[PDB]
Amino acid sequence: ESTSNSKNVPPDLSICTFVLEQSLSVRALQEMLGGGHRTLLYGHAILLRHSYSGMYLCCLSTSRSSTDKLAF
Amino acid sequence: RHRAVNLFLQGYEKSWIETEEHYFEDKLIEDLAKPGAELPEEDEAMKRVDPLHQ
Amino acid sequence: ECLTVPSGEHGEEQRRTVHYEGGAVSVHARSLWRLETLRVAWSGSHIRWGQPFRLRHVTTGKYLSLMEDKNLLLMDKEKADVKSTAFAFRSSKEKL
Amino acid sequence: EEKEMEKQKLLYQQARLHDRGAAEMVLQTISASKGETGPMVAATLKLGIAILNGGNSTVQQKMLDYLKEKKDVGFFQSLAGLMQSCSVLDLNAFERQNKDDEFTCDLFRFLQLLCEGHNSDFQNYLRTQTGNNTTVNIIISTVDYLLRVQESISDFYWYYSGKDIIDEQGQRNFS
Amino acid sequence: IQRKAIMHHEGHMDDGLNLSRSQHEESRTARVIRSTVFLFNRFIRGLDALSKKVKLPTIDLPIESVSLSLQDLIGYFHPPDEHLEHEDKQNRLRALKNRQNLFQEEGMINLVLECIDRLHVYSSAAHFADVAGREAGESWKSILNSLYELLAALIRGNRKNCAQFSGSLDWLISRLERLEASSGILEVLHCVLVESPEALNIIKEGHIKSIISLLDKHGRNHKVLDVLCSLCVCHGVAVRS
Amino acid sequence: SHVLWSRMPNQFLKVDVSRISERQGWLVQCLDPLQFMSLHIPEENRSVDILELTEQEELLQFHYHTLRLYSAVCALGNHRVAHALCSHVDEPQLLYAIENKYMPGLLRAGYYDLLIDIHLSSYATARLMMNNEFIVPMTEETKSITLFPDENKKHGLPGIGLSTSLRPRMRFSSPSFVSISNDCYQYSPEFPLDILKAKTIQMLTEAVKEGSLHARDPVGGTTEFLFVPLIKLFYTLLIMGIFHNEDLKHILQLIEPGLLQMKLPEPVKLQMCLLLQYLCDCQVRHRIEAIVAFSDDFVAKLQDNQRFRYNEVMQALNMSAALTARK
Amino acid sequence: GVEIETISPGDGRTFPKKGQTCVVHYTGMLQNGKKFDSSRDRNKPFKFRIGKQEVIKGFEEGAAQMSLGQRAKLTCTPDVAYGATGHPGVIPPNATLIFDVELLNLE
Amino acid sequence: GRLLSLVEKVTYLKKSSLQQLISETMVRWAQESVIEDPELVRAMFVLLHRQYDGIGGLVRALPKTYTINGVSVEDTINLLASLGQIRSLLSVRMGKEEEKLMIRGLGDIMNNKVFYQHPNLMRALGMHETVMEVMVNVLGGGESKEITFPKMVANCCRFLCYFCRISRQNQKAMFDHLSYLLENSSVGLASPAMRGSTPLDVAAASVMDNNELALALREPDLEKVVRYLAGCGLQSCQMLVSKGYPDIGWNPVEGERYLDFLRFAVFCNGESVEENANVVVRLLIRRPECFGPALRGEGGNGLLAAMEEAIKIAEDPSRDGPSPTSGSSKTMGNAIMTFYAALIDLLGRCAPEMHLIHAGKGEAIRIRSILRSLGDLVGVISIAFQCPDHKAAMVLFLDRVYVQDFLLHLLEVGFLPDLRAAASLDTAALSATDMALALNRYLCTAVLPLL
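Residue numbers (the UniProt record's numbering), protein chains in the order written: chain A, 50 to 82, 107 to 145; chain B, 3612 to 3665; chain C, 243 to 338; chain D, 3714 to 3812, 3831 to 3906; chain E, 387 to 627; chain F, 1593 to 1849, 1891 to 1960; chain G, 2 to 108; chain H, 2026 to 2040, 2055 to 2370, 2383 to 2425, 2429 to 2440, 2460 to 2475, 2479 to 2527.
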């Protein structure tokens, strides 16, 4: 969503927003076999979430796009 | 024969008859509807889910 | 009342008009706007008086504007701009 | 010892019920009735005062924990509608009859027994409802009914001001 | 009531603007109109205009995405999984009826269900098969049966909606002249009668004999109780006439 | 497209015929009649026994959902259509269906309810509505109708006892119609009611023994199919007023000193509740009848006290307002 | 018409008259052998007089063409029976009919 | 001692062998299982409450029961048959061929001989609630009136609230169903049937002659009636333009029947009522929308102008202005003649007399002056000579609101009524015996001007 042309047209932020539900280290890894307003550090393992839709942007098996011919 | 004795006895029932001779039911029915006499091999002693809870 | 719009049976440009109705439409879809404020950062700020923004109609997806004839007509994203589509509140009726 | 045994047996009686979701049932039926005076809500209010009846803190905190969990707004909307739906003297019908109250007392007694024992949580939660999206101020809603009683009873006095003595029906409607 | 407004120089002083937010539970009301109403209108508009013998990729024909969109819609109007507890089930029924009747004032009677019926433009899913691309009439069943079920359970949903299919009984007849979805018509009937019989009061011999002609080509639908014995009786709570 | 399935293993038989072949000319004879149910239907026929359907689950659903249609069209009062259906589903099919033990439960409940909905869903439906009115005429029969028969204050028995209340009446017709619905719904024709009255008791007395053992084999599938339609038929026959005191004593003998003590599922309990409701309603009617019987002689004695001290009202002297009136 | 056939006749003489309740125990049928009526299973013998126009004229003409104790196989037609209207819900339009009639008495 | 021993027997909690069984087995069933199917656990505790509250079975059963003699047990059985036949056509609703069965059942009930002699049956059985349910099942909403045969109104009005000579309290129940008519305020006439709202007759008969029920009325029950009269303020254009004049042209009447109801509202048996008349005048006066053909300020609000204007429409032509001369005793002539006659009868019945119980000293002088302001009331002496029944209302206005020079302005109640009544009892073909009552009634109107 090109916001640089803000005066010629408006952008939409409601479909650009994201929310930080979780943030850990790489060592925090359990596989199954909170704290409350923690901070954020470089190198942490983050989790995003779209605001108004609950589709957690996360590691998934996306193997579709072939514009570059090797990229996800 | 005439219906006016029925409306006599309707007003009679509330006054001369309806009283704690049967309005003592309220505590007895609740002390009997609470206990839950069972032995399901899980309960403490009784009360699976008692009838009043249901 | 509530700043309603007529129904969708005439969907080309008749939905660009405006009407009011304080009946059952207070609850439903057409009577719903959104504050597409211009400031990207802190767009979810606690709003205070004297802050421009551009209104948007959720069901049709068209921004509010004010034409040269002093009458309100909606506008797409391509036509909107900070000249027309830029509104804000007033606590008192004084201008200042 | 008579009085203390009476209190303890009353608490046992109340614990036969409030250990089985009676309080939550009461709040639920009042929230369902959305401002409709009826008998189905009157019997509920009788049950509420009968389980409370002396500032029972257990049922108070149960009710309050329920309302703070569920965040039901229908309870307070129902109460504020019920107060508006409550009645006053209606001088004109008394003039016509020369040729609605137990419900109000039980309602306000139910409202009073929540804040008995100086429960500062309920006393504030009937002003703001801070956890919820929408708020109702019950306190002003009962002040308004107090005005609507005061106007009616002053009018009923002014009808009887210049006269000599008072009949039986007028004094009953006064009391 | 139609107090139209124009931006005066000062106008009336007594023209205050009180505000109402979409509350906590009405975040759902805010979400439906963004995610599911305007986008659905645009997608169905593109496909509907494209179904009038128009060049394919010049305007929205994203058959990857339209099928996924209506699948997401069906997931949005899914029933509440009966094994669930009472209060969660009833809250989901509340939310379901809200997002049904909130489509409705937007135009289930006028536009949205009219957009589904307008999207039924088909001569045959075989004859269109070699016209546009390689696929026209693949998933008529999904759209037809599922979202017609959403409408019929909406008409159930708020207890005085017998508005479109009972109202536009011509659009009920538009179902009966086709006969692929006899699994939403009964959802209309058995919820119409308990509210009030509007559908059943003009249907006639010409409809029932067509259904009977279909019945030779069936093995008793297994909710036949619904279709025919609610054409009769409404399950013990009837209207004599 | 089906295919004419060349392997078709399903129900053979259980009781063929009791023939004998005697000598002195090779005599043969049999005096034990038998019959069975066919299936051949003018839009999809399949000639088999009815009991050949419990192994296949694509004609059973069809037949069940047709029996529900049959019960639907003859619902809430419709007599022409019952006269029509009596050709298709004539009496002995129904009698054999209820009497049989090896059927599937779906067709059992369906044929039972189809019996009810074209025999016992107008008169019972009527007098259930008129049950809660308790209108009475005053006769000499309504005076030996006291609370208790004996002076011991014994608890009595509900159904036995004289009623004397203006309950509605029951008429009938025959299937080949004239005046199809003027006043005729004992059955749409006449049903033989006494044999049904007896066979219900026989099936019930068999079923308590069938259920007490916790048998793997109830009648149809499970025990709810066994008990539900039987009990509902018994209820519908009970609330009509057919049963005599001789039958009702046996009925109480089933359960009083039994069925209620037995383990049971929920939807049987739901029907036992309705039976008990009818018993309590009968008791209440007996109570108010005794009240009326008292009140006749009481008011007749009490107006004689007014006649004793004759006291009068306005100028029409000795008017009848002195006894009981105010105008 | 009533193309009467006999099965096990009796006297062949005691024909019926006016005002005579023919006590029948019939068993009706349809073409293609699809049964539509009976009286044997009800155990309720029919009763109808002559000339009263109660029944369709097929049964009346078959009784007039019949003696006592006479089992028979009548055969009516649509002209005497319900015709192209047809009795609704049971009989279709334009249906021939079969009846295993058996007269017993007259009163 | 008889009654005391009977109460000791009846209140023995009598038959306890069934009750000990039910009360223990139900709680056993609740004990041994956490049971689903809530329609079962409703019935269980229904019976468990019932077997203790055996008296509660009686308290809602003695109001229902009613005794009769052995002679009456045949006609009443036909009545129960008809009532059950209707109750099987009650919530299950209107029908085309069910219409005829409802009609014949109501006819057989009307032609019975039971409540003629019995004072309380038809109210205990719920016949009125049943029939009102049938009516609302017919109506549902506006715009249709599909089944245009409400003979129910004939039953209720012309028999149920008039059989209450034996017991007035039958009328009380239909007055309670005036709360039904509040929401169900309806406009359809099954009579001559132009527009005149025959279920309004139910409300009329509910408060026809009773001071108690007419005092029990209240202002919002009349505010909407006068709103409908305000809605009647529209012009007349065609022969009978009901709402478009489809084929037939005779006569529209819309506003007369509301005023005919308000007559019974204010005017009881003898002297009128002030508690309702004051509010009626105060409500009429905010919207006095009786807009006649042409006068100042309002449309009409003046009688001689509109009446002489409409007699041109009536005398030579038909009910319509442009129509070919067909009209006489037509009770568009009417609704412009009879409308103001009913208005004037209402207003005369509202107000009291000088030297009444109030001799103009008790706030009635305000409304009497308001009446006096509408003089045209002095000038209705012309209308008293210019149907005969229209003028009796204006005579009532004079007699109720209104020295002998004013008498001798007329010199009589009227020379022409006097002469035509003198001459009309002389048997002739025409101009005779139509006024066998139409002018022989004027003794009742003229004799009070004895004084």
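Just so you know, the hints here were simulated from the structure itself, not pulled from any lab data.
Every residue, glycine too, gets a C-beta built ideally from N, C-alpha and C.
Misleading hints may appear alongside valid ones.
Claimed, not checked - The list that follows gives simulated cross-link-like pairs (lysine to any residue, SDA-like), each with its CA atoms no further than 20 Å apart:
#1 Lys3747(D) - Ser3906(D)
#2 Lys2190(H) - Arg431(E)
#3 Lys56(A) - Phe329(C)
#4 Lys319(C) - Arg431(E)
#5 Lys35(G) - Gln1685(F)
#6 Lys2034(H) - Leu2119(H)
#7 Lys1896(F) - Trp2068(H)
#8 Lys1746(F) - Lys2190(H)
To be verified - Some chain F residues close to chain E (C-beta under 7 Å, calculated; not the full set):
#9 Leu1631
#10 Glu1635
#11 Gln1653
#12 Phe1654
#13 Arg1660
#14 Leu1661
#15 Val1665
#16 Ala1667
#17 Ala1689
#18 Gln1778
Okay, the hints, checked on the actual structure:
1. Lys3747(D) - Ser3906(D): violated, 30 Å
2. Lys2190(H) - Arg431(E): violated, 54 Å
3. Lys56(A) - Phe329(C): holds, 14 Å
4. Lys319(C) - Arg431(E): holds, 19 Å
5. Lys35(G) - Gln1685(F): holds, 15 Å
6. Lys2034(H) - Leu2119(H): Cα-Cα ~33 Å, so violated.
7. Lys1896(F) - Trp2068(H): Judged against 20 Å, a Cα distance of about 10 Å means the pair holds.
8. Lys1746(F) - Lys2190(H): Cα-Cα ~54 Å, so violated.
9. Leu1631: Nearest chain E Cβ about 14 Å off; hint violated.
10. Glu1635: Result: holds, 6 Å to nearest chain E Cβ.
11. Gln1653: Status holds, d = 6 Å.
12. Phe1654: holds, 4 Å
13. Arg1660: Hint on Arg1660(F): holds, closest Cβ of chain E at ~6 Å, below 7 Å.
14. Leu1661: holds, 6 Å
15. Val1665: holds, 6 Å
16. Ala1667: holds, 5 Å
17. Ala1689: It is violated, given that the least Cβ distance between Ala1689(F) and chain E is near 19 Å, above 7 Å.
18. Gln1778: Hint on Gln1778(F): violated, closest Cβ of chain E at ~23 Å, above 7 Å.
The structure fails to meet hints 1, 2, 6, 8, 9, 17 and 18 from the earlier list, while all remaining hints are met.
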